[PDB]
Amino acid sequence: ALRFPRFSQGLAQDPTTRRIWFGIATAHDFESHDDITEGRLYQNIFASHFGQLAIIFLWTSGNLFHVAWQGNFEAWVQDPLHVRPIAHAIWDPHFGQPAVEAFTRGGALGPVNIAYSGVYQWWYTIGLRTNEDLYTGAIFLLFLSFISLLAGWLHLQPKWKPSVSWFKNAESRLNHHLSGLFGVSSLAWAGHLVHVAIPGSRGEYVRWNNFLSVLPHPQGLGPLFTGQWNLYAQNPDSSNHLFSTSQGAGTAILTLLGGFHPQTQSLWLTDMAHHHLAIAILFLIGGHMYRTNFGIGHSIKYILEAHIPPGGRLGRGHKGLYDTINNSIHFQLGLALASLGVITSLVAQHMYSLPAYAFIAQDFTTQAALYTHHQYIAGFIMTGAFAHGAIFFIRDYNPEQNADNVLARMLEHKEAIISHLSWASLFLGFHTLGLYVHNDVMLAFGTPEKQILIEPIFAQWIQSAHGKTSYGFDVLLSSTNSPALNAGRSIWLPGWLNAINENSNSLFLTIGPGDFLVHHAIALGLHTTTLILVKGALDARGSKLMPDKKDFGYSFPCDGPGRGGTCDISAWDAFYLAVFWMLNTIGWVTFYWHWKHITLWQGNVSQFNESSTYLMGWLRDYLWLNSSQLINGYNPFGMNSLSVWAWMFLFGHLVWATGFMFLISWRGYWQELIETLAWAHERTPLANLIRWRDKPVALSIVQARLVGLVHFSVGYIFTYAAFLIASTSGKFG
Amino acid sequence: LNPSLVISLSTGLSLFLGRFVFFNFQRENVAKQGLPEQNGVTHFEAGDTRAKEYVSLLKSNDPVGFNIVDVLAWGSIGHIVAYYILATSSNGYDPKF
Amino acid sequence: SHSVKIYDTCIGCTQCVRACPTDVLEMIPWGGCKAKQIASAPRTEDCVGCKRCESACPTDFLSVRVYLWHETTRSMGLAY
Amino acid sequence: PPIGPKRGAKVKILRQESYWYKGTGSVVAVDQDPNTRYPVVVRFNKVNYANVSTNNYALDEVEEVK
Amino acid sequence: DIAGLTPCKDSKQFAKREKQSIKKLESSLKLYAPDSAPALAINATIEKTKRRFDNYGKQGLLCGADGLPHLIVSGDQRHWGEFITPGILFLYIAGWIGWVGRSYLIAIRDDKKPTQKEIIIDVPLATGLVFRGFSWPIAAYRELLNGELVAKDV
Amino acid sequence: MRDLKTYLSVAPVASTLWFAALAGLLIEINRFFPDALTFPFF
Amino acid sequence: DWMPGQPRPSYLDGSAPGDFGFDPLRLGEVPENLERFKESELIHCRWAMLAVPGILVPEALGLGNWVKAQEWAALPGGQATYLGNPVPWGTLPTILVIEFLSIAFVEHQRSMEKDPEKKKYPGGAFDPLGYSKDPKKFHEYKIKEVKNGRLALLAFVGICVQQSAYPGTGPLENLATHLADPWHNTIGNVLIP
Ligand code: CLA
Ligand code: CLA
Ligand code: CLA
Ligand code: CLA
Ligand SMILES: CC1=C(/C=C/C(C)=C/C=C/C(C)=C\C=C/C=C(C)/C=C/C=C(C)/C=C/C2=C(C)CCCC2(C)C)C(C)(C)CCC1
Ligand SMILES: CC1=C(/C=C/C(C)=C/C=CC(/C)=C/C=C/C=C(C)/C=C/C=C(C)/C=C/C2=C(C)CCCC2(C)C)C(C)(C)CCC1
Ligand SMILES: CC1=C(C/C=C(\C)CCC[C@H](C)CCC[C@H](C)CCCC(C)C)C(=O)c2ccccc2C1=O
Ligand code: SF4
Ligand code: SF4
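Residue numbers (the authors' numbering), protein chains in the order written: chain B, 2 to 734; chain G, 58 to 154; chain C, 2 to 81; chain E, 64 to 129; chain F, 78 to 231; chain J, 1 to 42; chain 1, 40 to 232.
Honestly, the hints are just simulated from the structure, not real lab data. We put the CB at the ideal spot given by N, CA and C, even for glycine. Every clue listed holds true.
The list that follows gives simulated cross-link-like pairs (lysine-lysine, DSS-like), each with its CA atoms no further than 25 angstroms apart:
(1) 107 (chain 1) <-> 153 (chain G)
(2) 189 (chain F) <-> 129 (chain E)
(3) 229 (chain F) <-> 129 (chain E)
(4) 125 (chain F) <-> 86 (chain F)
(5) 129 (chain E) <-> 75 (chain E)
(6) 125 (chain F) <-> 451 (chain B)
(7) 190 (chain F) <-> 129 (chain E)
(8) 451 (chain B) <-> 100 (chain F)
(9) 181 (chain 1) <-> 157 (chain 1)
(10) 190 (chain F) <-> 75 (chain E)
(11) 451 (chain B) <-> 135 (chain F)
(12) 96 (chain F) <-> 125 (chain F)
(13) 109 (chain E) <-> 190 (chain F)
(14) 89 (chain G) <-> 320 (chain B)
(15) 189 (chain F) <-> 109 (chain E)
(16) 545 (chain B) <-> 75 (chain E)
One-sided and incomplete, this derived list gives chain C residues near chain B with beta-carbon spacing under 7 angstroms:
(17) 55
(18) 71
(19) 79
Which chain F residues face chain B? A few, computed with CB under 8 angstroms, are given here:
(20) 143
(21) 150
(22) 151
Construct all of the structure, not just a fragment, from the sequences and the given hints.
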């Protein structure tokens with residue numbers, strides 16, 4: 002106390018600059034803060050959640066305001082396919098005249114940035130048409146963020162702060178979130194789609210001032226309560242329908258076609274409204290499961306404890322798990338992060354193959370940017386989920402209260418899990434690299450026909466089972482008399498089969514041996530990252546090399562050079578080493594996606610098919626080949642609009658490289674160097690009149706690892722983003 | 058076909074099933090599962106005032122304890138099945154043998 | 002100041018005391034082994050956290066454990 | 064009446080923080096003196112991470128096995 | 078055929094690639110003397126290429142649009158020669174190696190200094206042991222059934 | 001002679017001789033049946 | 040004994056009706072699981088025994104096979120037919136709701152028991168003729184019941200697997216085509232096409 006940080010009395014007495022560093026890097030670790038209690042911790046978490054909501058609302062409001070102010074929305078909606086959306090204007094006093102000339106695009110009056118987040122297509126699809134709508138949305142969101150901050154402050158104050166018993170009421174929270182946060186929210190989204198978006202995609206402009214005077218359907222609500230719901234699907238939009246006009250428009254508000262809109266190459270709006278309504282019904286029904294104050298429903302802990310198999314193969318089953326989950330907040334955070342990462346990767350996988358926003362499938366750079374975005378974020382979320390599982394093992398785990406349940410039995414045979422996962426990783430790596438090197442050597446000797454090209458026959462069979470007819474497997478949906486095919490011929494299969502067999506979209510791309518090899522590389526990456534994380538978690542509480550690790554915290558430098566040396570023995574260090582593998586695996590994923598899509602967008606899928614089988618093909622035909630315009634963004638003969646990326650491309654190369662510093666050179670060298678520097682400064686005239694107030698010291702071991710990893714990751718992300726955006730946008734195809 | 062007939066019949070039938078057939082089974086199951094509890098104490102006993110069970114409106118004059126909450130539950134089930142019947146019977150969908 | 006603990010498994014071999022590079026450990030009278038000796042840590046305020054003592058302990062697991070804690074100018078080994 | 068396993072016996076370790084936990088060693092000597100909580104001395108054929116092949120254990124930590 | 082591929086024997090891009098390879102090889106041959114050592118080597122390589130392509134067509138491999146052979150590993154009996162019988166052969170050889178090494182380790186585990194026989198291989202014993210890998214498929218099976226393949230008490 | 005045999009069976013020497021023999025065997029097998037991508041005998 | 044020469048499970052002595060020591064997977068290891076298994080076995084056996092004659096008898100007459108007799112429900116105008124006459128209340132939603140309600144009520148009433156011997160062998164209203172008088176003669180009747188029930192279960196499995204093998208045919212049709220030419224028309228053609 003008595004100085005920054007006030008939450009740590011041990012740090013505030015550190016006479017070195019370390020106090021500052023560790024002062025910043027532990028501000029949100031409430032559990033390790035002095036004089037910390039239960040209710041204090043929960044209330045702080047609650048207020049921080051409110052702050053995060055306010056920040057999110059403010060950020061999206063800023064996006065809206067800038068697109069409304071320096072954007073291109075009114076012009077973009079006139080011709081979505083032949084005008085580049087504008088993000089925001091550039092006002093940089095460092096720009097030269099040619100830079101100002103090169104950066105003025107999109108019909109603006111000055112240098113501007115071309116948006117690649119895809120907000121234009123998204124806002125267009127939902128119904129926003131003019132700049133006034135964007136301004137109103139921005140104002141509403143500013144109000145919303147202010148209200149979020151007000152709620153946070155209000156619940157900080159006494160007499161409004163919830164007690165701990167309230168925070169741990171899991172049954173009621175689950176009921177409300179399932180039936181309220183999820184169900185009612187999706188019901189409202191379906192309502193908006195029926196009332197605004199669907200009419201907007203047919204010519205009508207329904208707004209606040211007239212939405213009570215317009216019927217969403219000619220026979221509003223008559224069919225709904227009478228039960229004759231089919232009347233809401235009786236007249237769909239014709240296949241010759243321009244999006245925002247009434248030419249070829251229908252009256253159906255709910256349907257289930259399954260295909261794409263022929264003009265926009267995206268999902269039908271009516272199908273989406275129907276989807277949201279359906280899942281809203283499901284969530285509303287399913288959110289009445291647990292018992293609250295009304296004497297009916299379920300108690301979660303009883304369900305858990307009743308699920309114990311006879312025969313004792315699972316020990317005591319799930320007995321005691323309710324209390325270890327409800328009392329351990331790190332367990333909750335790990336589960337939430339795991340599910341969130343899975344569904345973020347699901348979003349990434351579904352957005353490119355089943356686009357929902359109009360004219361986004363034709364915007365190639367936006368699609369690539371969004372996919373890479375969501376995949377990298379999903380990887381980070383998964384790595385974090387495993388990190389917090391390890392943290393739970395260290396901090397909140399009670400061995401005696403979890404005696405012989407699934408968790409304890411997981412801990413007690415950790416070695417079999419780790420060894421078998423290691424075997425899987427070894428197998429995948431050995432054979433994938435062996436096949437790649439074999440093919441590469443084969444092409445080195447000029448004999449491509451001697452390659453080991455394995456057809457991804459199982460994936461092709463699955464694709465055929467979905468209805469694709471390019472492999473001639475003749476399976477469900479691709480046969481003719483199968484019950485599965487015959488059951489849906491009148492609902493969605495027409496459109497679905499029309500879309501899947503169409504070979505200009507990304508709905509189930511044709512696959513070959515290159516896909517087989519790269520998918521096995523993906524599997525190798527997943528298995529090795531899981532190996533590192535699982536080993537770090539299960540061994541967090543201690544191992545043979547350090548049996549008392551649980552008493553040393555989640556993160557610590559080492560245990561000294563004794564017993565052979567104990568570098569990187571913490572669970573934090575296991576997460577640290579797993580981040581590199583996560584980056585590598587997501588890099589392989591995005592390399593594969595981007596190369597396949599850039600070769601498909603050129604009508605040159607063959608080229609990828611030939612050159613993917615060997616690694617030199619990846620190095621030359623993808624990295625070297627697609628990197629000419631980017632590196633030429635500026636040259637001795639001038640610059641163009643891509644220069645900003647060419648600079649960033651180099652910037653990301655520098656950060657990454659300086660990351661190698663903190664990862665290779667370690668503390669002692671730097672400490673001695675800083676000591677001699679301190680001597681020199683103290684021994685010089687006119688500058689010894691200036692005196693430091695915190696003794697300079699080299700970065701901590703853990704801090705140095707963290708800084709090196711941060712540099713590595715920032716450089717990785719920046720260089721790849723520059724490359725991807727410049728190469729896709731350089732060709733715009 | 059007649060929405061009122063189907064809805065009323067199905068709801069009354071679901072209420073009959075709840076009141077005369079599955080009544081004792083549900084009561085026994087809710088008795089044995091009990092109130093949700095944290096660290097061995099019920100939610101109210103841990104200091105959560107709002108976790109208190111609403112003992113007022115749960116009691117009924119029915120001979121066996123059929124109260125408001127279960128009329129709501131069984132009527133909701135009846136209406137859900139009734140509207141499923143109506144929508145699916147008027148949908149006109151036909152699978153092919 | 003780092004926290005140094007001596008556990009009852011100590012056999013009084015004295016090897017940890019020879020190793021400390023700041024004179025933090027000691028030998029004190031005791032009666033639970035043949036040497037009638039056990040290690041003590043009365044001057045942990047001068048401990049630098051080198052963990053050189055643990056590298057010398059022959060028991061398994063260790064009988065002397067160093068837990069790095071709050072850092073001071075003495076614990077950081079700064080001459081300036 | 065000596066205490067603990069006999070010299071040259073075959074015991075398995077039950078101390079969970081030991082390198083040879085669940086392992087096996089040969090008893091070398093058990094001190095007859097009371098007031099000593101780790102009398103049993105065991106020798107193993109494998110060194111630990113500190114290159115040590117002998118360690119003392121309490122009576123309950125060792126268990127005579129066949 | 079399977080996966081939309083066509084047999085290499087009747088495929089066209091396969092033949093085109095064969096012709097192009099031979100043309101490339103012959104291009105170098107015309108530079109040297111008709112019957113010099115380099116010319117003989119190039120002729121031998123051309124004959125090797127022709128034989129290779131003829132054999133690939135003969136065995137009935139599948140060729141894709143690229144004109145290169147593709148291996149089917151789903152288990153189709155028309156392609157067991159591509160992965161399954163080589164797979165069985167590999168499993169036999171690898172189990173031979175592993176069983177022989179395990180037998181050696183178990184045999185030398187009884188000495189006072191087993192490590193001495195590990196950095197300096199006791200060849201006399203190894204030569205006797207290596208031949209157990211002929212019948213390791215039976216030895217391992219009865220080792221498992223008899224219940225002493227896996228170390229109990231662990 | 002006896003010590004020559006002993007040193008001639010030490011890990012590095014034995015491994016190099018074993019791998020030289022294996023390499024020669026594989027080289028000869030490839031030479032007799034080169035460009036083999038499948039098992040056609042059965 | 041279900042296998043001459045194989046040692047018998049400890050918890051299966053041979054006193055229960057139909058106990059022949061068959062339990063390779065050792066599912067009845069826990070006695071409270073074994074009691075539920077016995078009740079479930081008797082229920083399944085009784086259903087199959089009451090069904091198989093129902094699969095065969097109408098087929099023997101001038102009606103369709105067991106799969107054709109339940110295909111009218113897949114049509115927009117599905118209407119049932121019993122003994123060659125159209126029943127009035129044959130439309131699907133009716134039949135469905137009446138069956139669901141009757142079966143649910145009866146099964147719940149059945150399950151509201153904790154004897155647990157009347158759980159499997161209730162008696163009383165279900166033993167009008169009163170065959171359960173002599174305790175040992177009753178035991179041999181139990182043995183016969185379980186034996187015939189297992190036979191009926193096996194027969195039902197055979198009927199279903201035959202239907203899968205030759206779609207659109209009935210057990211009597213399979214028997215007739217087997218009798219027409221025994222040797223060539225057997226299971227072999229199914230096993231080895
Ligand atoms: C090109 C860089 C590279 C490569 C090839 C590897 C490879 C590997 N890593 Mg690694 N890693 C790397 C970078 C790399 N890593 C970086 C930068 C980090 C951050 C510090 C990590 C951190 C890391 C961790 C924490 C872990 C791994 C693990 C592994 C192994 C996983 C098992 C496997 O896939 O089977 C084999 C994969 C291969 C590529 C085979 C390599 C051997 C081939 C066949 C060559 C054979 C030699 C050949 C005969 C030539 C000999 C020449 C002669 C002179 C001797 C694998 C060998 C995990 C592991 O150990 O697995 C259990 C593990 O936990 N890595
Ligand atoms: C809802 C998500 C969530 C939440 C609520 C938490 C919450 C928490 N985490 Mg966690 N984590 C998460 C996700 C989350 N995490 C994910 C996704 C990962 C995977 C990367 C991790 C990995 C992780 C680790 C390894 C650790 C935690 C720890 C913690 C605890 C202390 C954090 C702290 O105060 O340090 C202070 C905050 C910082 C030091 C952040 C500043 C440095 C960042 C990384 C730099 C940002 C990049 C850079 C500036 C951008 C480029 C700049 C420019 C060029 C554009 C805290 C309770 C720590 C802990 O003590 O556990 C108990 C711990 O060691 N987390
Ligand atoms: C791209 C990677 C990278 C970079 C940039 C550096 C940079 C540096 N290393 Mg180094 N190193 C690296 C990789 C790298 N290293 C790796 C991987 C290893 C492992 C072997 C090492 C191991 C190593 C050792 C052992 C040592 C160094 C040292 C140094 C420093 C030498 C002093 C100097 O050059 O003065 C000036 C700095 C630079 C020229 C770097 C770029 C500075 C830019 C041009 C200035 C930009 C200023 C700008 C206006 C800032 C405004 C931004 C604002 C928003 C904050 C220097 C900062 C030595 C040292 O510390 O010197 C005493 C030292 O002893 N390195
Ligand atoms: C669902 C039907 C059913 C059930 C519940 C039982 C239950 C029982 N049987 Mg019984 N049995 C059955 C059918 C059944 N049987 C049939 C059809 C036959 C003739 C083949 C027999 C022949 C038989 C004999 C000879 C004996 C028993 C015995 C027993 C009792 C002890 C065994 C045990 O505990 O395992 C419990 C069994 C189960 C939990 C059922 C297992 C279901 C699994 C999950 C799936 C089976 C897969 C199956 C092969 C699929 C075939 C599909 C088709 C395509 C071929 C137990 C109460 C023993 C006894 O003591 O009698 C009192 C005894 O000796 N049974
Ligand atoms: C008095 C009495 C009696 C009678 C009574 C009566 C008759 C009454 C009633 C009542 C009732 C009868 C009630 C009910 C119900 C309830 C409820 C509460 C419900 C519900 C439902 C819902 C809520 C739904 C919803 C929905 C939606 C909106 C969506 C879509 C559709 C659906 C359907 C899903 C008698 C004489 C017998 C005897 C004595 C006593
Ligand atoms: C460490 C730890 C942790 C965490 C961990 C994790 C996170 C893990 C994971 C994981 C995961 C993340 C997983 C996932 C998964 C998934 C799955 C398992 C699935 C599945 C399947 C299915 C069911 C399917 C189905 C289908 C359908 C429906 C149809 C179509 C086809 C398909 C097949 C798709 C915690 C903190 C908790 C605690 C401590 C420990
Ligand atoms: C360079 C280096 C140092 C010395 C690093 C020092 C002394 C840091 C000096 C950086 C100064 C303070 C300027 C840094 C500018 C930053 C961009 C400012 C960030 C501050 C906030 C914005 C977060 C170590 O102490 C070290 C320790 C262990 C392993 C590796 C290393 C290592 O590589
Ligand atoms: S860590 Fe180093 S300074 Fe501290 S007590 Fe041990 S030997 Fe002494
Ligand atoms: S080195 Fe270990 S055993 Fe020896 S005196 Fe110090 S603490 Fe005791």
